[PDB]
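First, one chain by itself in structure tokens, the form solved without ligand NAD.
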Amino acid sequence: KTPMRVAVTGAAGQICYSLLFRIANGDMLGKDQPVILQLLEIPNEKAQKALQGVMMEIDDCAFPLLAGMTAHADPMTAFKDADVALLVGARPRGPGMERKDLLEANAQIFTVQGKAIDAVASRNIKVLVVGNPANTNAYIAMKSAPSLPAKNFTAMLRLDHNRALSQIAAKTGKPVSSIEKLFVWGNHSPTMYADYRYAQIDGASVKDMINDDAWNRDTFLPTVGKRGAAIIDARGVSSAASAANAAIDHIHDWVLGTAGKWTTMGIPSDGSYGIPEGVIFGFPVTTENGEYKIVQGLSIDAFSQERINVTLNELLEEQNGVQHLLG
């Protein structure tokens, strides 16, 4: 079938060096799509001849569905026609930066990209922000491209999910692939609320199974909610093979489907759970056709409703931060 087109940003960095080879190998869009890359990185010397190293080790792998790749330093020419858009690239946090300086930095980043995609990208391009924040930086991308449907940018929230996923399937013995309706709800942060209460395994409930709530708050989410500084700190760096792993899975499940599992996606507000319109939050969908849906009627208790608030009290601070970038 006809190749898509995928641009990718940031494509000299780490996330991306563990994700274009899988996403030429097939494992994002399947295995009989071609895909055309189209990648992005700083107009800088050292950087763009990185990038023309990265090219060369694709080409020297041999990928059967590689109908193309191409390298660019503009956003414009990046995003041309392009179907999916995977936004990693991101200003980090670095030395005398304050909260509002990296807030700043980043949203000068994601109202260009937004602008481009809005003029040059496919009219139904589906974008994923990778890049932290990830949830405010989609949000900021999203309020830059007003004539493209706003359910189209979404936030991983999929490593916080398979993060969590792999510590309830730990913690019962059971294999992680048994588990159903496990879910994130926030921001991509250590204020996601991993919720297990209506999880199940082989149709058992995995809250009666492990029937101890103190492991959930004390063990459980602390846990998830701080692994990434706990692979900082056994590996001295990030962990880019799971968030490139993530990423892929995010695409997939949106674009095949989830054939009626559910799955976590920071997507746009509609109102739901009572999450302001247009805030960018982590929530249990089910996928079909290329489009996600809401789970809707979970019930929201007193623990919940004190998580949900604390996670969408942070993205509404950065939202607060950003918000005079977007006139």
Contents of the next structure:
Number of protein chains: 2
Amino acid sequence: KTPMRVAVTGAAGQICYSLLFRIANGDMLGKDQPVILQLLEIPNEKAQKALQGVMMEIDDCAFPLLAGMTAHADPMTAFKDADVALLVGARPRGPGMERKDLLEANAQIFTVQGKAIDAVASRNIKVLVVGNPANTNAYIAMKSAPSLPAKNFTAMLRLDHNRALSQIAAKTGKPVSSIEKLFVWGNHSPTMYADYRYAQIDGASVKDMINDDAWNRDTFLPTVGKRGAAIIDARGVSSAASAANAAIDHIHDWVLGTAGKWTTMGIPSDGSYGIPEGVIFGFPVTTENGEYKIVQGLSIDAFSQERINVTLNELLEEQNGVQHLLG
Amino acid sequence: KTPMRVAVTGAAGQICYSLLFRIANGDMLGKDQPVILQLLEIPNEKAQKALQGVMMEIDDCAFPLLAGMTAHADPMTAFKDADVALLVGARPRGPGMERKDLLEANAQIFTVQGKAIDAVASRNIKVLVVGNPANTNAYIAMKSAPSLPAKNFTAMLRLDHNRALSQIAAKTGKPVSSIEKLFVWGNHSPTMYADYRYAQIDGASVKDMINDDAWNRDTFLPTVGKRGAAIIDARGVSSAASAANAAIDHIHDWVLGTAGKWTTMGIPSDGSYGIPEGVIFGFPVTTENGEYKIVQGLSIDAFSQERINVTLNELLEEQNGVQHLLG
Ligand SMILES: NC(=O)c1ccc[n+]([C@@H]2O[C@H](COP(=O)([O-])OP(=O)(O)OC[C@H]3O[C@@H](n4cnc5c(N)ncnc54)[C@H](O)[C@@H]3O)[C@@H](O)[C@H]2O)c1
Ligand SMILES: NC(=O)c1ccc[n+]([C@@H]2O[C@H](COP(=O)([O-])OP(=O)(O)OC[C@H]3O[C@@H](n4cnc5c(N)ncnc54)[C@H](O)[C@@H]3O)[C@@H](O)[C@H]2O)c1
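Moving from the form solved without ligand NAD, what structure would you give for the form solved in complex with ligand NAD?
Every component of the complex follows; first up is the chain already shown.
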């Protein structure tokens, strides 16, 4: 079939090093879907030369699905006619750098990339933001792209989701693939709330199976929330490969469909569950025909409302801090 | 179907960081083949802790095919009942380190790993050596495993093969997937000889298509031979991801079959083309039912004989240098 143009930022970085090869292999859009890769990196010579090196490796894999591949240093050419965009590039937090400094640095990246997408990308481009702060960066881009549909801007909560999945399987001794209806609410941060109240394994309640809510509060939630730190403490570096996998899972499920299965996607709130409209928030959704749908009717108990309130408040703090860059 | 046990050495290293996730995803043995991963690293705390970190990431990917995964610090437990083994771990060359020092350091690794495989692995295990010097390390392991069939010990020449494929496609402007009958002879080193004399594209001669043998000698051969250096000069680090891909290609084609297509595999010479028996050498082969077969009847012109003689001589120099460690 006709090739899809996939734009990827931060292409000479670690996450992309595990990501690009899997997209070219056809893991993201199907083994029958040819892809064109439009890679973006900062204008600096060092980053551009490294991006050249990565492209050399991609050619050396002889991928039958790779219909084309170009390098860019300008978001205006990188996002040209893009059908899908994975915004992985972002400004990390260094020494002496405060939170306000982090938010502004990233705001200035995403307002520009958002405007670029608005101007030259496909009119119905699917956007996924991986770069941190994911949810907030997705909000800035969305706000910076008035001509595109807001529902097309998403943030990745899939890594939190898969990490939660892993812990449940390890706890129940059941295969990770048998777990259903598990999901995560909120911000991709330690304040995320992995909700296991509706999760089932073979039609049996995971919550009742474990029958120890103390485990839920003092073990399950804190472990998933701090998993990234655990990996950095063990390997010395970030969790690049699992983050790349989660990104593939996100786009794959969004475009191809979950077949009734529930999943987690950071999407713009339509007001469901008392979440202010516009706020990019983790919600349980099902997908079909390239569209998502928020699972309605879930009960929100006291504990859940408190966790939701915490993750929501962190998001409102981030939004307040970049508000001046918008407009 | 019943899970296959795959043993992988150098598991906390770079090549494995791109390799492990793709094997677990089912790229190596099929989407219907469950796998058990038995990972090996040196006994050192730092390497073992990093290996623990990589395993955490693998769990966080929620791979339905991963039937199990264990970490080891002893080759005797790591190779236990292994159906397939990818020997990626090896001693790299440092400052002041001479060639004789490199050969001995690696000889001492591979004699031990070879004996271990001999003792505890499946009686028909498939072995692939990626660690450099690949061909020679494969020879040491094979020699160190008298109870196993010698044809089961191979070295990876697939990266040289795919790199040659890439250059031909770029030169002819034809899709990399349309190229047939291309292959590489010899040692996985700059002395390798990518032979394009029988390569075809749509039933048309690639050699006649290019019609410039000077390009072959002074451009094609030197570029493929030094491609690894070109990548290190661009990225600052080795070509981990393309090497990992080539390893998957190697095992995949060997186990699943090439369906008549020719490919390159570093195998023990049976004496074909005047190559001394026992020498692990790159040969054009076809595969079927988990077995390979050397393509016979190719013409070897003067130029080819000289290139073959050079790569062969380098291999004999390496063999002479480790001979004292065998027995
Ligand atoms: N959402 C999640 O689940 C999740 C998880 C882990 C990490 N992350 C985030 O993903 C992002 C990338 O992580 P990484 O480990 O690959 O980092 P990295 O530093 O290895 O790579 C980032 C790359 O982005 C590039 N870049 C910087 N500014 C850019 C710009 N404005 N345009 C295009 N490219 C740009 C950099 O030059 C760099 O090569 C980070 O912000 C990281 O914290 C997200
Ligand atoms: N054959 C090819 O096509 C090809 C191409 C490129 C590189 N290589 C080679 O592959 C090997 C690995 O490369 P890398 O970039 O992943 O290196 P790396 O240094 O990142 O990783 C090697 C890993 O092997 C481990 N190791 C060392 N000794 C070991 C042992 N005796 N048993 C088990 N594990 C051991 C190390 O601790 C390290 O974690 C090297 O020898 C490299 O030069 C082969």
